[PDB]
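First comes one chain, alone, set out as C-alpha coordinates in the form deposited without the partner chain.
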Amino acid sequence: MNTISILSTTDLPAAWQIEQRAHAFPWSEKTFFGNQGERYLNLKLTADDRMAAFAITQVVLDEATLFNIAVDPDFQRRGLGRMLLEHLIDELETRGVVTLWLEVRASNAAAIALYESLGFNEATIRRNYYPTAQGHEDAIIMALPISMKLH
(Lines of atoms letter the chains of each structure in order from A and count residues from 1; the text may use other names and numbers.)
(Lines give C-alpha, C1' and ligand atoms only; values in the text may rest on other atoms or scores of the structure.)
Protein backbone atom coordinates (compact mmCIF):
# COMPACT_ATOMS: atom_id res chain seq x y z
CA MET A 1 0.00 0.00 0.00
CA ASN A 2 1.05 3.56 -0.81
CA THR A 3 0.32 6.26 1.76
CA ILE A 4 1.14 9.90 1.30
CA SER A 5 1.65 11.89 4.51
CA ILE A 6 3.35 14.98 5.90
CA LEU A 7 7.15 14.65 6.11
CA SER A 8 7.70 15.29 9.82
CA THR A 9 10.89 15.80 11.85
CA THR A 10 11.18 12.05 12.70
CA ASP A 11 10.99 11.25 8.98
CA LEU A 12 14.00 13.46 8.23
CA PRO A 13 16.87 10.91 8.75
CA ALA A 14 15.12 8.49 6.35
CA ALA A 15 14.58 11.27 3.79
CA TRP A 16 18.21 12.46 4.19
CA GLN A 17 19.41 8.94 3.19
CA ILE A 18 17.14 8.93 0.09
CA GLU A 19 18.62 12.34 -0.91
CA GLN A 20 22.25 11.06 -1.06
CA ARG A 21 21.18 7.99 -3.08
CA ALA A 22 18.65 9.52 -5.48
CA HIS A 23 20.20 12.86 -6.48
CA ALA A 24 23.09 13.20 -8.94
CA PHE A 25 23.78 16.47 -7.08
CA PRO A 26 22.67 15.88 -3.44
CA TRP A 27 21.97 18.86 -1.15
CA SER A 28 24.29 19.60 1.78
CA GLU A 29 22.99 18.74 5.27
CA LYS A 30 22.46 22.47 6.17
CA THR A 31 20.42 22.90 2.97
CA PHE A 32 18.39 19.77 3.64
CA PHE A 33 17.55 20.57 7.32
CA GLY A 34 16.94 24.27 6.50
CA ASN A 35 14.25 23.48 3.93
CA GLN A 36 11.76 22.47 6.65
CA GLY A 37 9.52 24.34 9.03
CA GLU A 38 7.32 27.38 8.51
CA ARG A 39 5.80 27.69 5.03
CA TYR A 40 7.02 24.19 4.08
CA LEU A 41 4.57 21.59 2.80
CA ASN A 42 6.87 18.58 2.78
CA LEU A 43 5.53 15.15 1.96
CA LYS A 44 6.60 11.51 2.03
CA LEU A 45 5.27 8.53 0.11
CA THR A 46 5.40 5.33 2.15
CA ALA A 47 5.41 2.15 0.04
CA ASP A 48 4.23 -0.62 2.32
CA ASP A 49 6.35 0.09 5.42
CA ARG A 50 9.26 1.94 3.82
CA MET A 51 9.76 5.54 2.77
CA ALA A 52 9.74 5.39 -1.05
CA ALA A 53 9.82 9.11 -1.80
CA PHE A 54 9.68 12.65 -0.40
CA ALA A 55 8.92 16.11 -1.79
CA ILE A 56 10.07 19.50 -0.43
CA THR A 57 7.83 22.52 -1.23
CA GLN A 58 7.62 26.07 0.10
CA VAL A 59 4.32 27.94 -0.18
CA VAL A 60 4.44 31.76 -0.43
CA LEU A 61 1.09 33.57 -0.86
CA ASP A 62 -0.71 31.89 -3.79
CA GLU A 63 2.45 30.29 -5.28
CA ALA A 64 4.76 27.43 -4.41
CA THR A 65 8.23 26.20 -5.29
CA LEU A 66 9.07 22.51 -5.47
CA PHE A 67 12.63 22.48 -4.14
CA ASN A 68 13.02 18.73 -4.21
CA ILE A 69 11.39 15.52 -5.36
CA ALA A 70 13.30 12.27 -4.85
CA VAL A 71 12.32 8.64 -5.24
CA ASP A 72 14.53 6.00 -3.70
CA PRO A 73 16.35 4.19 -6.63
CA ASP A 74 14.84 0.86 -5.44
CA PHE A 75 11.41 2.38 -6.16
CA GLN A 76 11.95 4.30 -9.42
CA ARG A 77 10.01 3.88 -12.73
CA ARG A 78 7.03 2.59 -10.74
CA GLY A 79 4.73 5.65 -10.87
CA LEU A 80 5.47 6.83 -7.32
CA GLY A 81 7.11 10.16 -8.21
CA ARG A 82 4.10 11.09 -10.35
CA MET A 83 1.73 9.91 -7.58
CA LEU A 84 3.47 12.00 -4.91
CA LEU A 85 3.44 15.11 -7.13
CA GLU A 86 -0.26 14.59 -7.95
CA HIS A 87 -1.20 14.51 -4.26
CA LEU A 88 1.00 17.58 -3.78
CA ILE A 89 -0.71 19.49 -6.65
CA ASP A 90 -4.13 18.52 -5.21
CA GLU A 91 -3.02 19.74 -1.76
CA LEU A 92 -1.70 23.05 -3.23
CA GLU A 93 -5.02 23.62 -5.02
CA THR A 94 -6.92 23.30 -1.73
CA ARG A 95 -4.57 25.96 -0.30
CA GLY A 96 -5.28 28.49 -3.06
CA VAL A 97 -1.91 27.95 -4.79
CA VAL A 98 -2.21 28.80 -8.52
CA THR A 99 1.36 28.10 -9.75
CA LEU A 100 3.98 25.50 -8.76
CA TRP A 101 7.52 26.52 -9.73
CA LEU A 102 10.65 24.44 -10.02
CA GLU A 103 14.14 24.64 -11.45
CA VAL A 104 15.84 21.57 -13.00
CA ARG A 105 19.21 20.91 -14.69
CA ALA A 106 18.74 20.51 -18.47
CA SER A 107 20.38 17.05 -18.49
CA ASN A 108 17.91 15.54 -16.00
CA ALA A 109 15.83 13.64 -18.57
CA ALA A 110 13.78 11.67 -15.99
CA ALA A 111 12.78 14.71 -13.91
CA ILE A 112 12.05 16.77 -17.06
CA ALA A 113 9.81 13.94 -18.39
CA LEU A 114 7.98 13.59 -15.04
CA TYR A 115 7.27 17.33 -15.08
CA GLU A 116 6.19 17.33 -18.70
CA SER A 117 3.54 14.65 -17.93
CA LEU A 118 2.16 16.71 -15.07
CA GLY A 119 1.80 19.74 -17.37
CA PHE A 120 4.76 21.85 -16.23
CA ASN A 121 5.68 24.46 -18.85
CA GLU A 122 9.14 25.76 -19.60
CA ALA A 123 9.21 29.35 -18.33
CA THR A 124 12.86 30.07 -19.12
CA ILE A 125 16.34 28.60 -19.62
CA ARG A 126 19.15 29.88 -17.38
CA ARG A 127 22.23 29.27 -19.56
CA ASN A 128 25.31 27.86 -17.77
CA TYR A 129 23.64 28.34 -14.42
CA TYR A 130 24.83 25.31 -12.37
CA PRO A 131 28.53 24.99 -11.66
CA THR A 132 29.65 21.37 -11.90
CA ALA A 133 32.83 19.31 -11.91
CA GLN A 134 32.54 19.49 -15.75
CA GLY A 135 31.91 23.24 -16.02
CA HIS A 136 28.46 24.70 -16.32
CA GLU A 137 25.08 23.31 -17.06
CA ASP A 138 21.79 24.99 -18.05
CA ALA A 139 18.88 25.22 -15.64
CA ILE A 140 15.31 25.02 -16.86
CA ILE A 141 12.74 26.97 -14.85
CA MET A 142 9.33 25.36 -15.11
CA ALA A 143 5.85 26.46 -13.98
CA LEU A 144 2.68 24.41 -13.49
CA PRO A 145 -0.59 26.43 -13.55
CA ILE A 146 -2.94 24.92 -11.00
CA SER A 147 -6.53 25.59 -11.87
CA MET A 148 -8.97 26.46 -9.05
CA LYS A 149 -11.61 23.92 -8.03
CA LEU A 150 -14.93 24.10 -6.15
CA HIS A 151 -14.63 22.79 -2.55
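Residue numbers count along the first chain shown, from 1. Heads up, when I say rigid core I mean the largest set of C-alphas that superpose within 1.5 Å between the two forms. First, how it differs from the form solved in complex with the partner chain.
With the core held fixed, the Cα of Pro13 is displaced between the two forms by less than 2 Å.
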Given for the second form:
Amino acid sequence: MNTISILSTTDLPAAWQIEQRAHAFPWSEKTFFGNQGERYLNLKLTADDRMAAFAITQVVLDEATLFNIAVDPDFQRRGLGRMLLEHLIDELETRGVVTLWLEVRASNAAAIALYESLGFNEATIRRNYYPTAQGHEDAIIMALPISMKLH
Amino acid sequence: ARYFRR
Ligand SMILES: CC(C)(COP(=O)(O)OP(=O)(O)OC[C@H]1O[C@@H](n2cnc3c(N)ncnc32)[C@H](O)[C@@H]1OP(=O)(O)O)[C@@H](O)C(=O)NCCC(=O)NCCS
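Now show me the form solved in complex with the partner chain; what you just gave was the form deposited without the partner chain.
Now the complete complex, all chains and molecules, led by this one.
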Protein backbone atom coordinates (compact mmCIF):
# COMPACT_ATOMS: atom_id res chain seq x y z
CA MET A 1 0.00 0.00 0.00
CA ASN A 2 1.08 3.52 -0.73
CA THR A 3 0.65 6.40 1.66
CA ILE A 4 1.22 10.03 0.87
CA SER A 5 1.86 12.19 3.88
CA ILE A 6 3.53 15.39 4.97
CA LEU A 7 7.37 15.35 5.04
CA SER A 8 8.45 16.28 8.55
CA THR A 9 11.78 16.68 10.41
CA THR A 10 12.00 12.98 11.31
CA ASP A 11 11.61 12.08 7.62
CA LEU A 12 14.50 14.12 6.30
CA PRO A 13 17.45 11.66 6.64
CA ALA A 14 15.54 9.00 4.65
CA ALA A 15 14.68 11.64 1.98
CA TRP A 16 18.25 12.95 1.92
CA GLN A 17 19.30 9.38 1.01
CA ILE A 18 16.74 9.43 -1.80
CA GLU A 19 17.96 12.86 -2.94
CA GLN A 20 21.52 11.54 -3.30
CA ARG A 21 20.44 8.31 -5.03
CA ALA A 22 17.96 9.65 -7.61
CA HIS A 23 19.68 12.86 -8.78
CA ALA A 24 22.97 12.74 -10.69
CA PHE A 25 23.56 16.32 -9.38
CA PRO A 26 21.74 16.44 -6.00
CA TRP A 27 21.31 19.62 -3.90
CA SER A 28 23.81 20.36 -1.14
CA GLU A 29 22.91 19.03 2.30
CA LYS A 30 22.44 22.60 3.64
CA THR A 31 20.22 23.60 0.74
CA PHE A 32 18.35 20.38 1.15
CA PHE A 33 17.79 20.69 4.90
CA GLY A 34 16.95 24.37 4.41
CA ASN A 35 13.99 23.80 2.09
CA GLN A 36 11.49 23.10 4.87
CA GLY A 37 9.30 25.28 7.10
CA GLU A 38 7.16 28.32 6.24
CA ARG A 39 5.26 28.13 2.99
CA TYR A 40 6.53 24.59 2.23
CA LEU A 41 4.04 21.92 1.47
CA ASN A 42 6.37 18.96 1.50
CA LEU A 43 5.13 15.46 0.85
CA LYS A 44 6.40 11.87 1.04
CA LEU A 45 5.12 8.61 -0.43
CA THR A 46 5.53 5.57 1.72
CA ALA A 47 5.38 2.12 0.21
CA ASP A 48 4.82 -0.31 3.08
CA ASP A 49 7.94 0.08 5.17
CA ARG A 50 10.03 2.32 3.09
CA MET A 51 9.86 5.89 2.12
CA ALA A 52 9.80 5.64 -1.67
CA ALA A 53 9.54 9.29 -2.76
CA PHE A 54 9.34 12.90 -1.78
CA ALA A 55 8.42 16.29 -3.27
CA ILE A 56 9.37 19.76 -2.13
CA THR A 57 6.90 22.54 -2.93
CA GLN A 58 6.60 26.18 -2.03
CA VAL A 59 3.34 28.13 -2.13
CA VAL A 60 3.30 31.89 -2.62
CA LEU A 61 -0.05 33.58 -3.23
CA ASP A 62 -1.95 31.32 -5.61
CA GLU A 63 1.04 29.86 -7.43
CA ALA A 64 3.39 27.08 -6.39
CA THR A 65 6.82 25.89 -7.37
CA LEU A 66 7.77 22.25 -7.20
CA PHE A 67 11.45 22.67 -6.33
CA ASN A 68 12.14 18.90 -6.31
CA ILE A 69 10.56 15.52 -6.89
CA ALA A 70 12.43 12.22 -6.35
CA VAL A 71 11.47 8.59 -6.48
CA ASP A 72 14.19 6.33 -5.17
CA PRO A 73 15.73 4.15 -7.90
CA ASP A 74 14.38 0.99 -6.17
CA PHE A 75 10.88 2.42 -6.58
CA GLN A 76 10.89 3.97 -10.08
CA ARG A 77 8.70 3.27 -13.10
CA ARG A 78 6.05 1.81 -10.79
CA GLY A 79 3.65 4.81 -11.02
CA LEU A 80 4.58 6.32 -7.65
CA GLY A 81 5.97 9.49 -9.15
CA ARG A 82 2.69 10.25 -10.89
CA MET A 83 0.69 9.26 -7.89
CA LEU A 84 2.61 11.59 -5.59
CA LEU A 85 2.34 14.37 -8.14
CA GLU A 86 -1.41 13.77 -8.39
CA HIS A 87 -1.85 13.99 -4.64
CA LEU A 88 0.06 17.27 -4.63
CA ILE A 89 -2.05 18.76 -7.40
CA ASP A 90 -5.31 17.90 -5.51
CA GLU A 91 -3.82 19.39 -2.41
CA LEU A 92 -2.80 22.64 -4.18
CA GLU A 93 -6.32 22.99 -5.68
CA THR A 94 -7.98 22.87 -2.24
CA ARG A 95 -5.43 25.59 -1.32
CA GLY A 96 -6.47 27.91 -4.15
CA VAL A 97 -3.27 27.41 -6.11
CA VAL A 98 -3.91 27.95 -9.85
CA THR A 99 -0.50 27.34 -11.33
CA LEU A 100 2.21 24.82 -10.48
CA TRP A 101 5.66 25.62 -11.85
CA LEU A 102 8.86 23.52 -12.20
CA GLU A 103 12.28 23.24 -13.91
CA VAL A 104 13.49 20.11 -15.69
CA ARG A 105 16.70 19.03 -17.45
CA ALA A 106 15.92 19.28 -21.12
CA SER A 107 17.12 15.68 -21.62
CA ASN A 108 14.99 14.09 -18.93
CA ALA A 109 12.60 12.39 -21.42
CA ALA A 110 10.99 10.49 -18.55
CA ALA A 111 10.15 13.46 -16.35
CA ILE A 112 9.02 15.65 -19.25
CA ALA A 113 6.64 12.97 -20.54
CA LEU A 114 5.22 12.52 -17.04
CA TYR A 115 4.67 16.27 -16.65
CA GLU A 116 3.24 16.56 -20.15
CA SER A 117 0.74 13.80 -19.44
CA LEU A 118 -0.29 15.58 -16.22
CA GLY A 119 -1.03 18.79 -18.18
CA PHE A 120 2.22 20.77 -17.82
CA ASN A 121 3.29 23.06 -20.70
CA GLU A 122 6.65 24.48 -21.62
CA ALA A 123 6.65 28.18 -20.71
CA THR A 124 10.20 29.17 -21.37
CA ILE A 125 13.68 27.69 -21.68
CA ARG A 126 16.74 28.68 -19.64
CA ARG A 127 19.93 27.86 -21.52
CA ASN A 128 22.80 26.27 -19.61
CA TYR A 129 20.94 26.30 -16.36
CA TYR A 130 22.09 22.84 -15.15
CA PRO A 131 25.66 21.48 -14.88
CA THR A 132 26.54 18.18 -16.53
CA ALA A 133 29.51 15.83 -16.22
CA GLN A 134 30.73 17.56 -19.40
CA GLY A 135 29.28 21.12 -19.48
CA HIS A 136 25.75 22.45 -19.07
CA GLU A 137 22.20 21.49 -19.92
CA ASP A 138 19.16 23.58 -20.78
CA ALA A 139 16.28 23.88 -18.32
CA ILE A 140 12.67 23.69 -19.49
CA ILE A 141 10.39 25.85 -17.35
CA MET A 142 6.94 24.23 -17.31
CA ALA A 143 3.61 25.50 -15.99
CA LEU A 144 0.62 23.38 -15.03
CA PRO A 145 -2.74 25.23 -14.80
CA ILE A 146 -4.91 23.78 -12.03
CA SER A 147 -8.66 24.16 -12.56
CA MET A 148 -10.70 25.25 -9.63
CA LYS A 149 -13.24 22.72 -8.28
CA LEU A 150 -16.36 22.91 -6.11
CA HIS A 151 -15.49 22.22 -2.46
CA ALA B 1 14.59 20.18 -9.64
CA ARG B 2 15.53 23.81 -9.07
CA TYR B 3 19.30 24.53 -9.21
CA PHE B 4 20.75 26.64 -6.38
CA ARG B 5 24.21 28.31 -6.25
CA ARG B 6 23.99 27.39 -2.48
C1 LIG C 1 11.00 11.11 -12.89
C2 LIG C 1 10.52 10.58 -11.54
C3 LIG C 1 10.27 11.72 -10.56
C4 LIG C 1 9.15 9.88 -11.63
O5 LIG C 1 9.35 8.55 -11.95
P6 LIG C 1 8.44 7.34 -11.60
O7 LIG C 1 7.91 7.35 -10.23
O8 LIG C 1 9.21 6.19 -12.03
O9 LIG C 1 7.35 7.68 -12.71
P10 LIG C 1 5.99 6.92 -12.92
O11 LIG C 1 6.28 5.48 -12.71
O12 LIG C 1 4.96 7.60 -12.09
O13 LIG C 1 5.67 7.25 -14.43
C14 LIG C 1 6.66 7.86 -15.22
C15 LIG C 1 6.05 8.58 -16.42
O16 LIG C 1 7.15 9.24 -17.11
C17 LIG C 1 7.04 8.96 -18.57
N18 LIG C 1 8.17 8.09 -19.06
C19 LIG C 1 8.52 7.84 -20.33
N20 LIG C 1 9.59 7.04 -20.31
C21 LIG C 1 9.90 6.78 -19.03
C22 LIG C 1 10.87 6.03 -18.37
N23 LIG C 1 11.78 5.35 -19.05
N24 LIG C 1 10.90 6.00 -17.02
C25 LIG C 1 10.01 6.66 -16.28
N26 LIG C 1 9.08 7.37 -16.88
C27 LIG C 1 9.00 7.45 -18.23
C28 LIG C 1 5.71 8.24 -18.79
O29 LIG C 1 4.65 9.19 -19.04
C30 LIG C 1 5.55 7.55 -17.44
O31 LIG C 1 4.19 7.18 -17.23
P32 LIG C 1 3.77 5.75 -17.85
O33 LIG C 1 3.67 4.78 -16.55
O34 LIG C 1 2.28 6.06 -18.40
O35 LIG C 1 4.70 5.22 -18.89
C36 LIG C 1 11.58 9.56 -11.01
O37 LIG C 1 11.94 8.61 -12.04
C38 LIG C 1 12.88 10.18 -10.48
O39 LIG C 1 12.96 10.49 -9.30
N40 LIG C 1 13.88 10.29 -11.37
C41 LIG C 1 15.19 10.86 -11.03
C42 LIG C 1 15.06 12.26 -10.40
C43 LIG C 1 14.36 13.22 -11.37
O44 LIG C 1 14.70 13.25 -12.55
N45 LIG C 1 13.40 13.97 -10.82
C46 LIG C 1 12.57 14.96 -11.53
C47 LIG C 1 13.45 16.17 -11.86
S48 LIG C 1 12.51 17.46 -12.75
